[PDB]
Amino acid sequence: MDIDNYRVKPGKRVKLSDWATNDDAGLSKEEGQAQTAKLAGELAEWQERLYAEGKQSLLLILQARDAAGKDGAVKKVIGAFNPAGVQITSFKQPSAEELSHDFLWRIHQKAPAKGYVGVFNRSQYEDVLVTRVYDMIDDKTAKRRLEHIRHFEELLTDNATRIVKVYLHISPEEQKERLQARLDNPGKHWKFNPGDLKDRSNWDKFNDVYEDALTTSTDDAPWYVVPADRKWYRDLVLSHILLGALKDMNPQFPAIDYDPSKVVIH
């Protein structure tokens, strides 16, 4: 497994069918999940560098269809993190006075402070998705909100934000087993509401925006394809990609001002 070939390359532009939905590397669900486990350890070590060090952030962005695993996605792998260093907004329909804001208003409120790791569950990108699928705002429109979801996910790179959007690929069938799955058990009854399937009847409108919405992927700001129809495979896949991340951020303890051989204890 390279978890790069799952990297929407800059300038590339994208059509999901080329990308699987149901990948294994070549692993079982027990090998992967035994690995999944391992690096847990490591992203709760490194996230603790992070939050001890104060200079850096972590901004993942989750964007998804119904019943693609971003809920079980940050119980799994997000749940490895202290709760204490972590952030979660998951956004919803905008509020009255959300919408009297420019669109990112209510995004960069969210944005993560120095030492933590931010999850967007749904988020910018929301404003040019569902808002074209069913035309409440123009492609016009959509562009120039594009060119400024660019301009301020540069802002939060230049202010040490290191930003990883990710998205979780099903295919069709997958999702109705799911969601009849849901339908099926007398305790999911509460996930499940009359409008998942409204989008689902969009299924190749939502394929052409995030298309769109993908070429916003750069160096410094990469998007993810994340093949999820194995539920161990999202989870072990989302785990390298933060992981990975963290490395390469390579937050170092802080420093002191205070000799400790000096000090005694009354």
Contents of the next structure:
There are 2 protein chains.
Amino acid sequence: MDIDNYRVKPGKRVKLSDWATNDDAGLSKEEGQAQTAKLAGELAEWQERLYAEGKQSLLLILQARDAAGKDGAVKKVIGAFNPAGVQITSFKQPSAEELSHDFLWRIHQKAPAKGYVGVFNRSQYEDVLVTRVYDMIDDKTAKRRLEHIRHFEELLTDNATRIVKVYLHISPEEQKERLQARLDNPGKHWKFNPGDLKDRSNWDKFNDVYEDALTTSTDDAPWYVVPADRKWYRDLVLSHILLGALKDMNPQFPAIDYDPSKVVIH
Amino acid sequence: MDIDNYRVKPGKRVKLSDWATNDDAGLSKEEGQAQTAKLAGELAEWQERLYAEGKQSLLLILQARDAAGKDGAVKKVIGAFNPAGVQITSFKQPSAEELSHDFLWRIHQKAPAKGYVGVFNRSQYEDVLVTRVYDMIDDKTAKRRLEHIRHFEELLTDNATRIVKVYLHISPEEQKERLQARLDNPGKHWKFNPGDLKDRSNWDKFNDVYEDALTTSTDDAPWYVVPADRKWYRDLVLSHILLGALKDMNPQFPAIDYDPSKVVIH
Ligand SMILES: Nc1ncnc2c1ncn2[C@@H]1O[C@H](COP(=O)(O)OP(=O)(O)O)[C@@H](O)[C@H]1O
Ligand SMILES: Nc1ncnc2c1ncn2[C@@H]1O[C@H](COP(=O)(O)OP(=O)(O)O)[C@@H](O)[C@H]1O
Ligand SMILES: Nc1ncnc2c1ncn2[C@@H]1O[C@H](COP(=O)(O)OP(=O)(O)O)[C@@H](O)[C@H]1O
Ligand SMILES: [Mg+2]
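If the structure you just shared is the form deposited without adenosine-5'-diphosphate, then what does the corresponding form deposited with adenosine-5'-diphosphate bound look like?
Once more the chain from above appears, this time first in line as the rest of the complex follows.
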């Protein structure tokens, strides 16, 4: 398994048809889940070092279609961290106050603080995705917003915020099964709504706007196209993406301002 | 077991000395850890239902002395929840802007939203604890603030926010062991500073002000004194306290207003 094959290389436009949705790296469901469990412990040790150092931060931007596994990726992978060093934000339709500001106003407010892991379940890229498919903005506006997004991610990069953008990539047939599954199991009826089917009818339009958004992939702010047909594999790759980022950040425990040898606890 | 022995009953004044610090309910560390692990799954099932329903909220208020187990209780017990349905806040020294407002301003801002679990690592009670030991306020101010806190907790209770306040109860000699360990292990020097020792020298003054604070215990907003000398036991009791609240709240999955069988996913 080379995780870098899933990284959108800088400057190269992408075709979603050229990326697989159901890779498994020649691993069984058990070998993957077992390895994902071992990585869960590794993720925790490094998230503790990140919080102790208090100099850097990690920002995961999760973008995907309905039933792709955003909720499951957070519950399984992000659940490995100490929840006190994590901040999760699920961006839904902008409120009235949010619309009275530029489109990055509400986004910037949730940027992670030093020492924290930040997650955007849906993010600023919504403003150049669903907003385009349904003609809330035109191509001119969309293009400029993408330039504004790059600069925003460049701002946070110089602030020591390591950016990682992940797109969970599934096939239409896999989505069909998962949507039918929510309709068949009484316990999950609440996760399905008459409107997940509208975005489905515009599947090919979302391909175009998603491929546009992926052009923001740089060395400092990379995109990853993660085959997500297999949920265990989705979790396994994301485990590798986040831990590999954490290890490259190499957070060191903080210095002390006292002499331990000379302290007398009364 | 009986968790109700650890609940400060309404209207009755208490002395912390009346509670043991190293209870175990006749369980070994292993049988306890096993029980804590078995309950983690139930906490998760009910936290998902609470978030799915979106009508109620759970507020945990954590108060405890140095090396008593605030961070460890959160990492172990609160770590059972999906971090997307949780909000943790560690209240430190008030900032300048926070001091320019009433003492509950920064607290109220962090009240949990419907469907969420909220945790306060240190809380509004700091304003009637450390503020008194070091003569930042007088007895008259402290007494009135305690009334304002009860009203505040009554406000959130009528909002369907289930309040639960926990005090982790350890002995001085256990604190001495835990602090000396950080001075002895180089890997833990960063968790200690010669300032953790100031509150320790005023242990008996904190007894008085903590015992005053416990009088806000009501049927709706109870306090709990949890013997915390044994770290595995702290985690076991807190799991029971929080799961008992979630089960008593009894959050229900939301009903649907459509017929899944006649939905046609093209
Ligand atoms: N900036 C934005 N402008 C318009 N719509 C947005 C924006 N950001 C998010 N949304 C929309 O909010 C909705 C949130 O859906 P959500 O309830 O999270 O779906 P599910 O829970 O089924 O995954 C999405 O349909 C998304 O397109
Ligand atoms: N010296 C140590 N040995 C073993 N575990 C430790 C040590 N120091 C801290 N821990 C871990 O940290 C937790 C204690 O949390 P702590 O930081 O004392 O909370 P508080 O904020 O009240 O000081 C323990 O449950 C344990 O998991
Ligand atoms: N409302 C408040 N007024 C005055 N001091 C406060 C208040 N809330 C918290 N503090 C103080 O802030 C300090 C935070 O200590 P620190 O060790 O940095 O936090 P923690 O141990 O919780 O990680 C504590 O000594 C506490 O007394
Ligand atoms: Mg939905």
